[PDB]
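Removed from the display is one protein chain of the complex; every other protein chain stays in position.
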Amino acid sequence: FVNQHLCXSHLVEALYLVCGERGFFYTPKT
Amino acid sequence: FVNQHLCXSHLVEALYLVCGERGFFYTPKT
Amino acid sequence: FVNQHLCXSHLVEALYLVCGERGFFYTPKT
Amino acid sequence: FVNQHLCXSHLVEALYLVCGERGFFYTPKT
Amino acid sequence: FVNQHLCXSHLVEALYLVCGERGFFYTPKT
Amino acid sequence: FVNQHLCXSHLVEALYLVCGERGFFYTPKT
Amino acid sequence: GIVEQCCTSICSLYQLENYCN
Amino acid sequence: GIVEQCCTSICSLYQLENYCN
Amino acid sequence: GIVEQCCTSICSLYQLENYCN
Amino acid sequence: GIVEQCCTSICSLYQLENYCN
Amino acid sequence: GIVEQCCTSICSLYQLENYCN
Partner (left out) sequence: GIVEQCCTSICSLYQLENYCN
């Protein structure tokens, strides 16, 4: 039941296509 | 560990795995 | 948005994200 | 609990390897 | 509810970055 | 079926799909 | 749809082939 | 966090854009 | 030709939406 | 198996290294 | 050599099943 972990993989991928050359910071917990 | 030029999508998923909990920042200045 | 030549697997996952609900068609005529 | 969405990513990937040059149409809902 | 199957995709990916040139064997069930 | 040079990450995810239950072995001797 | 047919149960490469062109 | 905002409900490309730089 | 368009050239979010349904 | 050991709980890069060659 | 075979050459669904268990 490690859902959240599998989901993080898809987010960064998405963040990568969306931000492009602007880049981003990935920080799971606040 | 892998010995190869990691690029775009692969590069990001790899940062994701290593940093895990810590998180990471991605800024393609080249 | 990303500025790079999107190919094969990457190209498809990208169409998937943009179109989302609408869906899409993939036909590699080249 | 956005399972279905994560699953769609893996399907199109699979559809891509399986269909090859024949291509395909992805339409989530009928 | 085909979770396990989606998870296997991410494992082999991870196994791939971690093992590198050493390679590995993937065997789901013992 | 796909007709293209399958490399690294793509090559592994592809072995994963074909072999499915059987499993597979990955050893990059080149 | 295929979402309901393959995201609940595991489709095979042969099952996935129906959805091609 | 974004994990809680996008792994429970589906964010859009527009929602994901807030997290860029 | 999406391949010639998005893989053999550059593709903005818009030249990519054309291939949607 | 590894499926049971890593798909239920999150394995680490160090845990995953046991499965190499 | 699967790399030489499938990445340095073309690989059909069959030349790929050989590397299964």
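Order of writing sets the labels: A, B, C, D, E, F, G, H, I, J and K. Residues in every chain begin at 1.
In this text, a residue touches a chain if its C-beta (ideal position, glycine included) is under 8 Å from a C-beta of that chain, and two chains touch if they have at least 3 such contacts.
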item	value
Residue numbers in subunit B that touch the chain omitted from display	1, 3-8, 11, 14-15, 18-19, 22-30
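Going forward, only the chains that are shown with their structure count from here on.
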item	value
From the options B-J, C-I or D-H, the pair that copies F-K, where over half of the contact pairs coincide	C-I
Of D-H and A-H, whichever chain pair has more C-beta contact pairs	A-H
Distance from the mean Cα position of subunit J to that of subunit A, given in whole angstrom	22
Distance from subunit K to subunit B - Cα centre to Cα centre, in angstrom	27
Inter-centroid spacing, subunit G versus subunit D (mean Cα positions, whole Å)	9
Residues within subunit I bordering two or more other chains	13, 21
Residues of subunit A whose C-beta touches two or more other chains	1-3, 6-9, 13-14, 16, 18-19, 21, 23-25, 27-29
